[PDB]
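Model the placement of chain S on the given structure of chain X, informed by the hints.
As a plain string of letters, each chain reads:
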Amino acid sequence: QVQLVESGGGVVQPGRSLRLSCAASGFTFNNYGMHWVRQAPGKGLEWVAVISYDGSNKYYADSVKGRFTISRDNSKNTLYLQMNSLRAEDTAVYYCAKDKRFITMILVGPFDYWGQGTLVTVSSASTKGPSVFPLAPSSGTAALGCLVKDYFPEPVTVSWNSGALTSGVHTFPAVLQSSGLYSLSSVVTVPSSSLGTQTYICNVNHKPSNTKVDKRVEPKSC
Amino acid sequence: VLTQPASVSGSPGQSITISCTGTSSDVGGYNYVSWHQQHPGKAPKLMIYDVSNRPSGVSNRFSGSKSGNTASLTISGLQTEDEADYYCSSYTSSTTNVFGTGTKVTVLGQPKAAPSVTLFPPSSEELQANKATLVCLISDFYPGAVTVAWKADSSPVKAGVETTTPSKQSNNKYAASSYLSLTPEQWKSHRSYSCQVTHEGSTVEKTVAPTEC
Numbered sequence: 074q075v076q077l078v079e080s081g082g083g084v085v086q087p088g089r090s091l092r093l094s095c096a097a098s099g100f101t102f103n104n105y106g107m108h109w110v111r112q113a114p115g116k117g118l119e120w121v122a123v124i125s126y127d128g129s130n131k132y133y134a135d136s137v138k139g140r141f142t143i144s145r146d147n148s149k150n151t152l153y154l155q156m157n158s159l160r161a162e163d164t165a166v167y168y169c170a171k172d173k174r175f176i177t178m179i180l181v182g183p184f185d186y187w188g189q190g191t192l193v194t195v196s197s198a199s200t201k202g203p204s205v206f207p208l209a210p211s212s213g214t215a216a217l218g219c220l221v222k223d224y225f226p227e228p229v230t231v232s233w234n235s236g237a238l239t240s241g242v243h244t245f246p247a248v249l250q251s252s253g254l255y256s257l258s259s260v261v262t263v264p265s266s267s268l269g270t271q272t273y274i275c276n277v278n279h280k281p282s283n284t285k286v287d288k289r290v291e292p293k294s295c
Numbered sequence: 004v005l006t007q008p009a010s011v012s013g014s015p016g017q018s019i020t021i022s023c024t025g026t027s028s029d030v031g032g033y034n035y036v037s038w039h040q041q042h043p044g045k046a047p048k049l050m051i052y053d054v055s056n057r058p059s060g061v062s063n064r065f066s067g068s069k070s071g072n073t074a075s076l077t078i079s080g081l082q083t084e085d086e087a088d089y090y091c092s093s094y095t096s097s098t099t100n101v102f103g104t105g106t107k108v109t110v111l112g113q114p115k116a117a118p119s120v121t122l123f124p125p126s127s128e129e130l131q132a133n134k135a136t137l138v139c140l141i142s143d144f145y146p147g148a149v150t151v152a153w154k155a156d157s158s159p160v161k162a163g164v165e166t167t168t169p170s171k172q173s174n175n176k177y178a179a180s181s182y183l184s185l186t187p188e189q190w191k192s193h194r195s196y197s198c199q200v201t202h203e204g205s206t207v208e209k210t211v212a213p214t215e216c
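Protein chains in written order, with this note's numbering: chain X, 74 to 295; chain S, 4 to 216.
Only chain X is shown next, with the shape it has when bound in the complex:
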C-alpha cells in the first residue's frame, strides 16, 4: 500500500534552480523521516539528505550541503528538495525514501520504501548534430569503428555500409561528458584480408538535429 511518487525533474541549465517533490501515501507520513537519494546514470547510489518527521532535524551530504535544502509539508503528505546552483555533476535520477523508524529525531536508517525516481539532467546544451571521427585498423581479425562525438540530445543510431554489414557490429551506449554533450562509439570486426579491398562506411543518424553523416573508415598511414 505504501507508495512514493517523485516529480519536478527535467532539463535545467547550470546555475539555475529546481524543486523536486515526493508525494507519500499508504502510511502515516506524519510519523516518519524521509531521505533523498540520487543515482547518476549507470553509477551507484548516493545519499543526499534526510529530514525528521516534523522537520526539526535536517542533514545533508557534503556534495550538496549549502546548495540543496530539504523540507516537508505534512499537510500535503509531500517531501521537497530545493536544488540551487545546479551543476552537471548533479545529473541523476532522484529517489525519495521513507525511513523505517517510528517518531524519532535520530535518522540512522534503514531506507524502508522507495519511489520510482525522477530524472534531473543539468545541461546548458542545445540541439547539436554530431561530429564523426574514424577509428582505423592498425595493429586475422581487425576492429574498426567511428567515434560519434558531441551531439545533443539522444538518440543517435548507427549502421554500417548502409545496413549491409551486420555481423560483428556493436554500437555502444552513449557517454555524457562534462560539456553536457553525448558521445558514443560503434564497432565492427572484419577479416584483415578485406581491409585493402572492401570499403567500410558507418552511417550516423541524428534525427533531433535532422543530420545524417556517412563517414568512410580507411586504414591508417604508418
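Treat the hints loosely; a few may be bogus.
To be verified - Straight-line alpha carbon distances no greater than 25 Å define the calculated PhoX-like cross-link-like pairs of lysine-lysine that follow:
hint, chain 1, residue 1, chain 2, residue 2
1, X, 293, S, 134
2, S, 161, X, 116
3, S, 161, S, 191
4, S, 107, S, 176
5, S, 107, S, 48
6, X, 173, S, 191
7, X, 116, S, 191
8, X, 173, X, 149
9, X, 116, S, 171
10, S, 154, X, 116
11, X, 288, S, 134
12, S, 176, S, 115
13, S, 134, X, 285
14, S, 134, X, 201
15, X, 201, X, 280
16, S, 176, X, 116
17, X, 173, S, 45
18, X, 138, X, 116
19, S, 107, S, 161
20, X, 293, S, 191
21, S, 48, X, 131
22, S, 176, S, 209
23, S, 48, X, 173
24, X, 288, X, 201
25, S, 45, X, 116
26, S, 48, X, 116
27, S, 209, X, 293
Said to hold, decoys possible - Quick list of the computed label-pair ranges, beta carbon to beta carbon:
hint, chain 1, residue 1, chain 2, residue 2, range
28, X, 266, S, 156, 30 to 38 Å
29, S, 127, X, 200, 22 to 30 Å
30, X, 236, S, 96, 55 to 63 Å
31, S, 173, X, 148, 53 to 61 Å
32, X, 140, S, 114, 45 to 53 Å
33, S, 156, X, 230, 33 to 41 Å
34, S, 112, X, 116, 23 to 31 Å
Unchecked claim - So, partial list: chain X residues that the calculated Cβ filter (under 7 Å) puts toward chain S:
hint, residue
35, 183
36, 187
37, 207
38, 208
39, 236
40, 238
It should be emphasised that the hints constitute simulated quantities derived from the structure, not laboratory data. Where a beta carbon is used, it is the ideal one built from N, C-alpha and C, also for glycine.
Frame of chain X; chain S shown alone:
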C-alpha cells in the same frame, strides 16, 4: 567510503557472499548496516537492515552479518532473479548516510570469457580538430562486470575518464567502452598510454604510443 567488490558471481544453487568494508566510523561504529537490491531500470529494495534483520516478504536465503569494519550479505541457493546490483549502506560519524560502491551479482548462465581489449589512439582528423580521445573497447567477456584503469606512462590517470556500463553484444557476450579525453598537447607529451581492464580478479592491459601506428 564503503568498499564492495565490483563483481561477485556464482553458479545457480550455490551460496555467495558480498563484503562491505567500512571504518570504525561506519560499519564498525554502529549496528545500522543495510543491504539493498536493485534490478535494472528499477528502484532499490530493502533486503536486510540493522546488520541482520529481514523485512517480511524477503526470502530467508538472504542473510546479513558483521565483523569489525566489514559487513557481509550472504545469498544461499542462488536463483536467476537474484541477479542484480547490491549496495550496502550505513550511518556514519558525520551524521550522514553512505552507500557502498555496489556489487553486480551474476548468476552464471553461460561460460566465463576473458575480455578482448582493443585500444584506439586519437585519429589524425580528431587531433587536427584540436581534440584527442583514447578509445578502449572491451568485448566478448562474461560475467558482464569490469573495472577500467588508465595510465599515462606508468602512473594512473583519473581526470577525463568515462566508462560505459557493460551490455550484451550480438553474440550474447558483454561489451563495454572507456574513454580518456585529453588535449593534443597532452597526447604528444607522454611516451605511452595504457588501458587496463580487470575481470574476475585478473587484468589485461593494452598500450598505445604516440610514435608507433
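Cross-check of the supplied hints:
1. X:293 / S:134: holds, 18 Å
2. S:161 / X:116: Holds, at about 16 Å.
3. S:161 / S:191: holds, 18 Å
4. S:107 / S:176: Holds, because 16 Å separates the two Cα atoms, which is no more than 25 Å.
5. S:107 / S:48: holds, 15 Å
6. X:173 / S:191: The given pair, whose Cα atoms are some 56 Å apart, is violated under the 25 Å limit.
7. X:116 / S:191: Given pair residue 116 of chain X, residue 191 of chain S is violated - Cα atoms ~32 Å apart, limit 25 Å.
8. X:173 / X:149: holds, 20 Å
9. X:116 / S:171: holds, 18 Å
10. S:154 / X:116: holds, 22 Å
11. X:288 / S:134: holds, 18 Å
12. S:176 / S:115: Holds - the C-alpha atoms of residue 115 of chain S and residue 176 of chain S are around 9 Å apart, at most 25 Å.
13. S:134 / X:285: holds, 22 Å
14. S:134 / X:201: holds, 18 Å
15. X:201 / X:280: holds, 10 Å
16. S:176 / X:116: holds, 21 Å
17. X:173 / S:45: holds, 20 Å
18. X:138 / X:116: holds, 21 Å
19. S:107 / S:161: holds, 22 Å
20. X:293 / S:191: The hint holds at about 18 Å.
21. S:48 / X:131: Answer holds: residue 48 of chain S to residue 131 of chain X is near 24 Å, not above 25 Å.
22. S:176 / S:209: holds, 20 Å
23. S:48 / X:173: holds, 13 Å
24. X:288 / X:201: Distance of about 18 Å is within 25 Å: holds.
25. S:45 / X:116: holds, 13 Å
26. S:48 / X:116: Since the Cα atoms of residue 48 of chain S and residue 116 of chain X sit roughly 17 Å apart, the hinted pair holds (cutoff 25 Å).
27. S:209 / X:293: Roughly 19 Å separates the two Cα atoms, so the pair holds.
28. X:266 / S:156: 30 to 38 Å: holds, 35 Å
29. S:127 / X:200: 22 to 30 Å: About 29 Å separates the Cβ atoms of residue 127 of chain S and residue 200 of chain X, which means 22 to 30 Å holds.
30. X:236 / S:96: 55 to 63 Å: Roughly 58 Å apart at Cβ, these two residues keep to the hinted range, so it holds.
31. S:173 / X:148: 53 to 61 Å: With Cβ atoms ~55 Å apart, the hint holds.
32. X:140 / S:114: 45 to 53 Å: holds, 48 Å
33. S:156 / X:230: 33 to 41 Å: holds, 38 Å
34. S:112 / X:116: 23 to 31 Å: Given about 25 Å between the Cβ atoms, the range holds.
35. 183: holds, 4 Å
36. 187: holds, 4 Å
37. 207: Since the shortest Cβ distance to chain S is 5 Å, the answer is holds.
38. 208: Holds, because the Cβ-Cβ distance from residue 208 of chain X to chain S comes to roughly 5 Å (cut-off 7 Å).
39. 236: With a closest approach of 15 Å, the residue 236 of chain X hint is violated.
40. 238: violated, 12 Å
Against the hints set out earlier in the document, violations occur for numbers 6, 7, 39 and 40.
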